[PDB]
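A.B. asks: What follows is each chain in one-letter form.
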Amino acid sequence: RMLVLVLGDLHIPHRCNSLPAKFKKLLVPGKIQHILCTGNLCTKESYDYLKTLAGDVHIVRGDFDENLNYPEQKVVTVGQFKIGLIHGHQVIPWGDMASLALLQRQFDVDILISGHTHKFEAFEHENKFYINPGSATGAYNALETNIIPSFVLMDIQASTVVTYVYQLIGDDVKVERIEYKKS
Amino acid sequence: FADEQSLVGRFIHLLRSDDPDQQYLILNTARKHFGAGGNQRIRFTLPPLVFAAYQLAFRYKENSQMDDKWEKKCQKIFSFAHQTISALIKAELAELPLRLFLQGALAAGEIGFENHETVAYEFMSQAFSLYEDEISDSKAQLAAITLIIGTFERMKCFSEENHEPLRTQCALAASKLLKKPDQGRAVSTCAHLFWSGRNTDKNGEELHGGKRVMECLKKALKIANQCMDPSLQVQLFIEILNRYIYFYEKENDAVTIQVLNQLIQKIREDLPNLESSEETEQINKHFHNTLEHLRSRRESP
Amino acid sequence: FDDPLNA
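Residue numbers (PDB author numbering), protein chains in the order written: chain A, 0 to 182; chain B, 484 to 784; chain E, 1331 to 1337.
Next up, chain A with everything else stripped away, as it sits in the complex:
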């Protein structure tokens, strides 16, 4: 039994000082085993926050990350699932579903997760799974004006991912769940 936290595009402090309060309260140490971050937490401060939440943190370089180390793309395994990590600004068109599945084919991952759209999407196509948390802080996006802060955590059982999506719709946190089992 393992649960991981996938979140990105915090944009602190370019467009966001910090996360939403209810979010800040729901993320506590100990519960989260792994952390997969996609977007650009533009400063190492937020990186040490993500290292507060869990021990194994995996980040990838975004377009606005001033850091010196984050890789452009990473493929990490959790249990038995092959997970692919990429911010998503090299996946042109940015929100193209058909372009993302191509990255899946090149990567040969069972779950490919990306961001840079600030729009949360979780779907299964060609028996593969694609997740985009969006901005945990609901940052600014030039293409979308009604942005909803969100994050996703997946509890990889054994050849079975259940993904829960938290969203700050209005004032209270509304959650949804999508499930996927290995091909």
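Think of the hints as simulated: they come from the structure by calculation, not from any bench.
20 angstroms max Cα-Cα, derived DMTMM-like pairs, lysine to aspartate or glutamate: (1) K544(B) / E143(A); (2) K43(A) / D55(A); (3) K23(A) / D170(A); (4) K639(B) / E143(A); (5) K639(B) / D95(A); (6) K43(A) / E578(B); (7) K81(A) / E775(B); (8) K622(B) / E71(A); (9) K24(A) / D1332(E); (10) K24(A) / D171(A); (11) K694(B) / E734(B); (12) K81(A) / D107(A); (13) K23(A) / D1332(E); (14) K639(B) / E597(B); (15) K555(B) / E605(B); (16) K73(A) / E761(B); (17) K515(B) / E487(B); (18) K662(B) / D712(B); (19) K73(A) / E722(B); (20) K21(A) / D1332(E); (21) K23(A) / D1333(E); (22) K663(B) / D620(B); (23) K768(B) / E125(A); (24) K515(B) / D504(B); (25) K81(A) / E761(B); (26) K173(A) / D1332(E); (27) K73(A) / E764(B); (28) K733(B) / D95(A); (29) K81(A) / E762(B); (30) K768(B) / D107(A); (31) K173(A) / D154(A); (32) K622(B) / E65(A); (33) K81(A) / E764(B); (34) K552(B) / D504(B); (35) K73(A) / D107(A); (36) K768(B) / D109(A).
Dock chains B and E against chain A, hints included.
C.D. replies: Coordinates of chains B and E only, in the frame set by chain A:
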């Protein structure tokens, strides 16, 4: 010099509670104020100011009925943000002002105030100017040009006279990359501007330039034939082939099935020509997955 | 709804 960040990060949030009219004056006051930080502190002190300007321009469009000069005020916001990014250039900054100019062009394209086409074109022109002059590392050139193509493909504010400059300059800049694989990848990425990217002259619909799309890929394959490294060569062939699949699945009538067959034939011809390794196992799985996608809903040969 | 966290 890396400390005032969250401070401004604080000021930027709380200020978002006031009025746009006042929000312009306060941003303007933090301007010369923060630019006096120096060539060291403004590295982390002005980007939030630029993004606050863009956000406030969107907010000014939000009041399009309660204000009759929101267009003039938006021209003010984008000129002020232009000066702010140029100040970032004065401290010898190559890659950050480039993205800031791209974001300004994107925002101006979506906002739609009066005279916004010229503003977006000017921001893109400066993006290319910093790309040509000050960015020299091959890795940074590839990353930047991919950023330019991605951003430019998404805005639909340009007319064909204004759309074509950046299209052709993307083609040229991407084609003049240092390394050969970098060149092939950028030229392959350039097809998306000819296919998906839109312009005003088509009243919103995409160019759907099917026949120009293949010329980009055909030039990428000619580059892939010059890699002089079988392992990398075959990988470039598989990538380019998947681009062909992408356009064929989006109804590009000019992507004949025969080209698919010839391109996959070259890979079957010179795939066994490599020996076991992790890299070749991934390459083989990439190709095997591409064919297994083709076999899924088997259409024609 | 459920949660590995709080409600």
